[PDB]
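What follows is a single chain, given as structure tokens, in the form solved without the named molecule.
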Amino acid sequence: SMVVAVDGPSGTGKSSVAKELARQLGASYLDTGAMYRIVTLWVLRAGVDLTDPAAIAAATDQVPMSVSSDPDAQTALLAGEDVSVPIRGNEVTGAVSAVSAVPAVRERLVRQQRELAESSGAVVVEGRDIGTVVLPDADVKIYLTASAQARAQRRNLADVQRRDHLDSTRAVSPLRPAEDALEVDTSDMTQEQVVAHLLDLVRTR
């Protein structure tokens, strides 16, 4: 049925907006960022050497991950343990792009996200490369964005502009919107206004 991709950089209130959109659409929601983070957690706890992509691959064949498609019940389960809290931690934020860079890690997660998408009917799928790579035949592709200065504001600065330069420059999955994505600049919007706007965009199309 109807697939909404929501992509863009972090610190735009992206997740909260995507979930609320889902609810308002009567639809399911999938936090794909959280899946990478669950795998990252499992890798950190296994004490795997992060400079060795082969050890990372080998240690992630059977990641006991379980996530929810309900915007009202988002638990991150790892081996039946609620890891919602640790996966948002600074250590996992540190290690997450190293773990996600591994071709074998992405390949399993891209597959899971796609099965979970079909599995869900009406669904809003949030991430970074949902419109481009994961669900390129999404019906509506939303790209949420804001100035470096507005995201710096919502965070508390110079680290967000470095992560901007790097995410543009990266060799593996650089951040860019899909050719047919609808770019919404949320610098001067509130969250409920961003929701209202995306519902209009979705309802129009």
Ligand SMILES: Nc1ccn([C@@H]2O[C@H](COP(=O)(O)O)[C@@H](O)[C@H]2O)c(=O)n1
The other form holds:
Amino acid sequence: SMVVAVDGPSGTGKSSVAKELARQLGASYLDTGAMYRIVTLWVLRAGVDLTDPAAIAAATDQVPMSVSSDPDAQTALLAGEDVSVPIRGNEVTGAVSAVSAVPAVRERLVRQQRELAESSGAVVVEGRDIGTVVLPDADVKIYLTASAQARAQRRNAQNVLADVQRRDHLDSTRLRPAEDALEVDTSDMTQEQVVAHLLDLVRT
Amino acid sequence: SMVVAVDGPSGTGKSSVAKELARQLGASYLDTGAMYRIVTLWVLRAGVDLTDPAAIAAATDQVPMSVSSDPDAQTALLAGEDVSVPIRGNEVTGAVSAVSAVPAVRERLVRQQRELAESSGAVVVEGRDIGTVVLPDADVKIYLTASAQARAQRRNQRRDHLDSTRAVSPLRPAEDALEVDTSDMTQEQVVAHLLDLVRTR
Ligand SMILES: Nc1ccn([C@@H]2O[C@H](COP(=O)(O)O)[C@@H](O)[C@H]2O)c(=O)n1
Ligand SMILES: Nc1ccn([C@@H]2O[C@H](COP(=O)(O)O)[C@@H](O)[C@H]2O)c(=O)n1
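With the form solved without the named molecule in hand, show me what the form deposited with the named molecule bound looks like.
Everything in the complex follows now, all chains and molecules, and the chain you saw is the first one.
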């Protein structure tokens, strides 16, 4: 059954495109970045020292987390609380890479990600290492990319080209596409154009 | 005039003791941990990547911060907003060490701390590196400490090792500091003790 992995950096509209690709394939959708963000919110609220990986590992043994695989009903639950809003806040955005870098944390989420994928049948799974690490035997692997400039304009309008260009260098020396991935430059494209493009690639 | 530095780990009541010492000496009070917490709140709200020191340095060039040196009128203002509550929340508590470890950040706050101290006359300045780095020629230097056990119960051993071996500002008393074990003492007992030490030097 069909597993589509969608990876790439931020600011390209990756998440919206993956959602809409899922709807069009009648498939399920899995937002992996949201899972990291949920754990991050959990860590922040316990007040764990973010400079201490062992403390982050210890504090994330039993994160009471739930996420939907329905692209039309995405909710982020933590301890029964709907945390869809706070997991997108700047606090979590600033903290998420501290928590994501802890191996113990990845180990669990990669496992949770694999299980959700196997039990979802037809599924589009979105993130950064889906095609390389999490689901290396995906049927189709897509790497959505865009120029620094394109990505910068999508952010400064959300409300930068310096900030976005900086993060590219630190990531390179710290995002790498799988060998069998299909690289798609979305710089010139709108969302619907990107969706149609991926539908074409998948249906080939 | 008189500059009293009070340093030590967390969980001994250090801040309450330093406040009350200030009141009793008729001195001013400076809560330096608050200043790190205010910057941290600023960083968190800008959504700066905490794993990136250069980004934290860049995002903290111009932190609009204000803090009082009056022990009875402590407020923590950021961009005009009273942030006394949020700077004590867990989010900031968890993040503050990431931000505190950035040299550029310390460099500024240490400078701001020295200036506030000079202009406050008689002042008790509280923190972790006050007697060693910020005010190394304080008149009286106090290192408030307590056993792991005592500190643990007041929450109702890991952090001790990480603090000891930390890169930017490891936690160590000045050679000329007066080490005071507060394990057996209540707060008012500690206050009386420091009043005695200060009124003997
Ligand atoms: N597969 C993934 C997905 C997200 N992440 C983390 O999540 C953050 C942003 O997540 P989003 O994909 O939700 O924007 C990144 O900074 C990264 O640290 C990750 O480390 N691996
Ligand atoms: N003088 C100081 C005071 C605080 N700090 C930092 O500020 C944090 C918060 O201090 P408080 O918990 O005492 O407010 C400490 O955990 C430490 O990371 C520092 O590095 N130097």
